[PDB]
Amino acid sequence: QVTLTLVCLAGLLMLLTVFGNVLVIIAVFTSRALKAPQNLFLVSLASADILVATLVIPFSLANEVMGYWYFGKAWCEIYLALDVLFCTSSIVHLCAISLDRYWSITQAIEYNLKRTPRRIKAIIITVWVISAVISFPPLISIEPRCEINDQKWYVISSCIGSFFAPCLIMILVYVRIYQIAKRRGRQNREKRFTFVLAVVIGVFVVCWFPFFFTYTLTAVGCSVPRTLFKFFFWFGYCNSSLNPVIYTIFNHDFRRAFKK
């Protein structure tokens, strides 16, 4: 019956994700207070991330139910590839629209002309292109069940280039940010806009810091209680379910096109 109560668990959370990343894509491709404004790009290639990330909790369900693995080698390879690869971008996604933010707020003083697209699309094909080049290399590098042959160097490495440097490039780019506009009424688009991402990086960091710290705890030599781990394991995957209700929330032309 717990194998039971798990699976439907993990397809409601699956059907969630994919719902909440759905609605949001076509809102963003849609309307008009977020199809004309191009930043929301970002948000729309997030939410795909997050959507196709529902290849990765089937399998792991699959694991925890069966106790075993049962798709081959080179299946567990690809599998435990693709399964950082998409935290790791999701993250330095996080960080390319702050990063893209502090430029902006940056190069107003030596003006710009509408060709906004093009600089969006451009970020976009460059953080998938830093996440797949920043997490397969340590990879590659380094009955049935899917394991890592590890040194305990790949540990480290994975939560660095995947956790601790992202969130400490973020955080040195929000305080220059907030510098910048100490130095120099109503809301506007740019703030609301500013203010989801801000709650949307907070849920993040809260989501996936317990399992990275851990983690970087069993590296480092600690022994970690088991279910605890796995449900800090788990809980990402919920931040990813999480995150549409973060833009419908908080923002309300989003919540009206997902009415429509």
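Residue numbers count along the first chain shown, from 1. Here the rigid core means the biggest group of C-alpha atoms that line up within 1.5 Å when the two forms are laid on top of each other. Compared with the form deposited in another entry:
- Comparing the two forms between the two forms on the rigid core, the single residue of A62, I26, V56, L51 with a CA shift of 2 Å or greater is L51.
- Once the cores line up, the CA of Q38 ends up 2 angstroms or more apart between the two forms.
- Once the rigid core is used as the reference frame, the Cα position of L217 differs between the two forms by less than 2 Å.
- Relative to the superposed core, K230 undergoes a C-alpha shift smaller than 2 Å between the two forms.
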Second form
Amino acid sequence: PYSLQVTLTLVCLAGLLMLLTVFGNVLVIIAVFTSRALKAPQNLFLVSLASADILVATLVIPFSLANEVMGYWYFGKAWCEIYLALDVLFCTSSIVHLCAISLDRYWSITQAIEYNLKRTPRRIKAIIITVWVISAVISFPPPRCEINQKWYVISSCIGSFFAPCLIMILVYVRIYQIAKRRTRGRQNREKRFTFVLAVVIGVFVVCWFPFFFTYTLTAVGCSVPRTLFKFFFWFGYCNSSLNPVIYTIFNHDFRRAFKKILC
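The form deposited in another entry is what I want next, because the block you gave corresponds to the form deposited in one PDB entry; please supply it.
Partners and other molecules omitted; one chain follows.
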């Protein structure tokens, strides 16, 4: 199974991850509904994403720790089929939310004056209610608790990630082009948005991409170590802990609001 000494090392590596995922994603929620500066229609995208992150960290991580360190699935076919489907529903509801947050972050730059009148909270709510529906329609497409259909396994990874990745890298390379085109505030206005954009579009790729590449690489059947895949699995669940910080710390409004709650 494991070393026991390690088992306490793995559980403490997690647990802290859970506390960090339900500390940022909750600080975002207690911040949008609390500060009169974030009461924008566009700020509801960060509350549903935070809810999804808090849900993953406390509904799929506690049991992933169990399946991996214990070795067997203590439960059977009554929180295992629910766990393997609530994972694909809580991570595909974070990737697709990151895609939406970037599309509403790009239509308001390229279509700047026409989009505000089409940005009412009703539209934001109707987009949040659709991202969630699609996130759950990918999870449920109508003793080891390990994932077990090649044709579907691709459809879902490509729609769940490749698509949100390709439509979010483009929405950030056509925003970096627009913004640097405004410059043509002294050698740091650009040097800051080269980093504010690089972190935003790179933490995603360095957290989630390796897992999905390996999963479809094994979907085609190219061998990936049994280990060196467990790092990737846990790497994604650890990206939801950074998501609440990436989309909030680079914002002066959010930063001044956090100062009030934690003065």
